[PDB]
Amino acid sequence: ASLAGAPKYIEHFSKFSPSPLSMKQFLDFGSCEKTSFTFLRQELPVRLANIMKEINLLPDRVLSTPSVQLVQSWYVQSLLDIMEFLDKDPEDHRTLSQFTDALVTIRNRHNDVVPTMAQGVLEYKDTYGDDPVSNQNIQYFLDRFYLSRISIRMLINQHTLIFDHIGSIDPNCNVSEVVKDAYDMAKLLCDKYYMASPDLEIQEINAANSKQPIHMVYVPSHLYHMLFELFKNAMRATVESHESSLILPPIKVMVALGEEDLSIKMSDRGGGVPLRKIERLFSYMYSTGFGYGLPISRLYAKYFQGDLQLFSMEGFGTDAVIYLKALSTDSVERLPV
């Protein structure tokens, strides 16, 4: 498998659709190494090729930029890396240890995709302008590209973490503990930079089981990313809007478990933002050191059929809500095709 054939390989694997997995399917893969290897040596080329194919439909004024060429070159090489295993023997534990090595190599190769693509967006704004039709095309492409990337990293994480909790999945994730972890980290940073920090109040509403702590099947590192990014915004809003004031109102988090939704609301009194400016917070172009950012945090929520929404009261504060599927049977990869 070589560069010279790559367009042919991409074209072949792009005829397949990616196979969205559910949380249960993920738990079963990690309860099997030969089975994971056999699945991934077909599925990873399919996912790599479907996104490489969509990248090739970008206008030439985008395709010809260094950042997109660099990222494309990484995806080609990763596809090549996996194709070497298509004719290898699953029964042969040197195959399997080699595969795991090649996956860690691919994952690390792609570590800088987000800041690389972000540089491309910055350039686009200066070379062609930040108009509303550009924003919508960029938003469409990058949501799909970044969601594709999250799903590829998920597959790789599951394999390399299990065949050395179920990999990155916690079958009994305690939501309030992840909330407290992300808050504690944000507070460290907030204390450093601003000298003080709001408190945290957590309330749980377990509708069907009023006493019981709220747990779920989820990927706690994904949940942490989302919550940490939200705490950072809520703390910065709270501190900077109360400089002439003495008390810092707390940040209040409610965790509600319903029949279908597990909802996490973070409420601050940071002064809020006019409705007209909420949308731009999720824009790759209009947002153009710690945390993944609001656009990407929302993609983590969407990845397993959830969502992340902001609603503010200008002059008062902002509510941020993470919506997750409560049932792991509804927790299914959302994959671009």
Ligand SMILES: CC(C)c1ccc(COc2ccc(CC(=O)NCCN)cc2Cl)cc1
The other form holds:
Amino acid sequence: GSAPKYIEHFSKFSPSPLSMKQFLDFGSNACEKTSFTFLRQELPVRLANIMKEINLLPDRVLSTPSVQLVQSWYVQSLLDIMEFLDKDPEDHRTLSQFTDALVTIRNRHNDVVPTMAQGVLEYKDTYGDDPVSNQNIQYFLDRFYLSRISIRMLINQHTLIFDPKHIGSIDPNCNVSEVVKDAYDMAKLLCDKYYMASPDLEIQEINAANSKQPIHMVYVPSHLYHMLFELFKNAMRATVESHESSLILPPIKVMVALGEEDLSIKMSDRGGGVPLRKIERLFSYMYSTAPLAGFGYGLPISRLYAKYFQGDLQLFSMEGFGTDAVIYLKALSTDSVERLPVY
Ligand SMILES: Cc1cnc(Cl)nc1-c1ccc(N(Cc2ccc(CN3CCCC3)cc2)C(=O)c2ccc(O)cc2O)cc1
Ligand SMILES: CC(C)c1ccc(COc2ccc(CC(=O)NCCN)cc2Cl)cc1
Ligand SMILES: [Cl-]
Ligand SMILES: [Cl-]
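Okay, that was the form solved without the ligand. Show me the form solved in complex with the ligand next.
Now the complete complex, all chains and molecules, led by this one.
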């Protein structure tokens, strides 16, 4: 076969990060031909850059089953997309079978998260959980997962639009507070199910420049929902379990602030907090892997969604009181550009 030749060829290119504007323009919308000619080049590039990094893991990680399995999905996926390079953009049947091909590739990779987690596990028992192993797992999986978020983004934008308000998974007029309440409502529903007490919500907006206007942005609301959901679930558990022997149950307070460049979402809880020394481990794939806890993408992945369009997600706590979690997002669509791992 040709996979090592392909990987090698296409890893010579750099991925091309897109901005919200580039994304919106792809989606308003007859330029299917153009998304196709873009993607049949860009996907192999992104696949091959990440595939190259996987193949440079030491052989005692690389030869484990979990990694072999995902390596075979990547090989197959890239091969699926090769078939279209010499194919004819004008032939409407080329276009339809390429969409079929993206969906098949999306389904194929759906279970990477639990697959990789078996690899982390196997490595922990098999070679240990020393700080140096931790940094390497961190470094690799943040890049692997960021890369994966970016590919799904490309693919979702194509299949949603080439099957008037929403542009695939981008909402150009996303009402942040609305996404906050929806994620609260959903986490409350689970909290009430498993704990039979749930905090309330207080939302406060601060629109610095337009004191009274509701706060809107261009964003991917499913991502924002993922992050808000994981935060609510954590804050609820902290709040509820820490106030079991007490009657008052503090609310979870969220502030949504709009600056000139940041759009910031703080979620404040009175769950008793975490000492400073234990905070980093909440972002560690390795320390948060062991053979309400069932729901959510997790902290480390929620931070990647934030980073993905040049934002961040940070935690700061006061042991004995509670924790603030903040999502930092870029306010302006012009500063929202894909952040892709640097190969
Ligand atoms: C990471 C995670 C994943 N899945 C779920 Cl279900 N829970 C968490 C999670 C982890 C840490 C936290 N802790 C520490 C904590 C505080 C209070 C209790 C309750 N005690 C515990 C002993 C007695 C009552 C337990 C733990 C936070 O301080 C915290 C972290 C992130 C966060 O976003 C918000 C937070 O409040 C909160 C949630
Ligand atoms: C995500 C899964 C697949 C996973 C599981 C485990 C790992 C671990 O990867 C390690 C572990 C230790 C070291 C230090 C070292 O001794 N390097 C020498 C290299 N021979 C380097 C790397 Cl790349 C990565 C990814
Ligand atoms: Cl990163
Ligand atoms: Cl932090």
